[PDB]
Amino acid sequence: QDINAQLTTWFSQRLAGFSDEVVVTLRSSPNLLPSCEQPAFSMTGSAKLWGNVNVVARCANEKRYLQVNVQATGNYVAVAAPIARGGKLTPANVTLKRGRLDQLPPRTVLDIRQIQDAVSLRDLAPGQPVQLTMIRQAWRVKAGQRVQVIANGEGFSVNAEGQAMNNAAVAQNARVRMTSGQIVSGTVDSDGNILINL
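Now supply the structure block for this chain alone, in the form whose entry title says "closed form".
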């Protein structure tokens, strides 16, 4: 049962800020588990946060692939009052509701800061989870603008300047041409700054 406890803790920590209740269950055979007592878990795979995922369990040069099931409960953005097509999304129209993140439809908005100055693409009814496929977010960053790039690491932080190379909404990927001429890539935050996680 200790392996589930490790995964539950590893995922709870990874899902900090998103979920307040995480439960993880191993699907692959425990015989295929690596020799170490505490394997190092790495998500060197696609960007899927929860559900049924593949976790790399490293055991000092010994590599293993574990199939796991991640259940997550937290906040997401839901429609609170009917929104007309072309209608703006506001705090009076949408609200945060608590539910199972793993059960939500794809590309569901979790943070209210994402839908600043956003318009509906279709008719929306109360209770419906806000999906990115059903809205048009305003650009937080515009191509050609100078932006601040903030890179954080373990005991290591970098602040630098560049020019945005593409239009991007809050929480979307932004490519930035640094003064040195180099291209970097990060996530647009609410403040319009570019965050790079190293």
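Shifts are known only where both forms have a C-alpha. Numbering follows the first chain given and starts at 1. Just so we're on the same page, rigid core means the largest C-alpha set that superposes within 1.5 Å between forms. First, how it differs from the form whose entry title says "open form".
Seen as two rigid parts moving between the two forms, the chain keeps residue 166 and residue 140 on one side of the split. Two rigid parts make up the chain, and between the two forms the smaller of them rotates against the larger by 77 degrees on C-alpha superposition. Listed in sequence order, 60 to 62, 137 to 198 mark where three or more consecutive residues have CA shifts of 2 Å or more between the two forms on superposition of the core.
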Contents of the next structure:
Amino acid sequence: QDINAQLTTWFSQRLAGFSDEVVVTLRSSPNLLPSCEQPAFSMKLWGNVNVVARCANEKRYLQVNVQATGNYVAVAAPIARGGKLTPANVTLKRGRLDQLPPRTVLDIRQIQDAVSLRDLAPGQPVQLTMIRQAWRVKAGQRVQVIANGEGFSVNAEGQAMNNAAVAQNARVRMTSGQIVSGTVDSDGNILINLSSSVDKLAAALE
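Could you present the same protein in the form whose entry title says "open form", rather than the form whose entry title says "closed form" shown above?
Single chain only below; no partners, no other molecules.
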């Protein structure tokens, strides 16, 4: 029961913070098990995984099944496409992590300012493919364009032409109809960082 106890302890410690119940089952032939007392294990965190087990003169490829139970983010109330994920409509549920659909959110902090891309039903695990970050800037919104660099500062008002989250690109129509583009910041401003532009900016003032 040596290898089974060692693998159980190894995956339990590796899964600290993800799971409080880790069960390991060997799927490969016991004839290909490491011979040494303390094999070095190395490596997907759970489910059907391959583990390399090294001993002096051995490099075993073990196939194991890892059952890991812990918390994951699930839908707690109906959420419409475009609906904000809140503490009223998404919660932590306890379940078999190894049976979850791909890219299920495990940490409730990952869903802060998230918005649903789909109509979601209660009990559904929240997957990264079902959600997006909220729009800090929305199409048609009055925004501030801030350009800085080479002893120059420009502050101008415009209308956001597209929806954009923080750190995403936003095109902005200036009052004349000229379109500029920059990065959305936490304040909903559009940031531009400035070779001929600093020369062009000064030339515009002439």
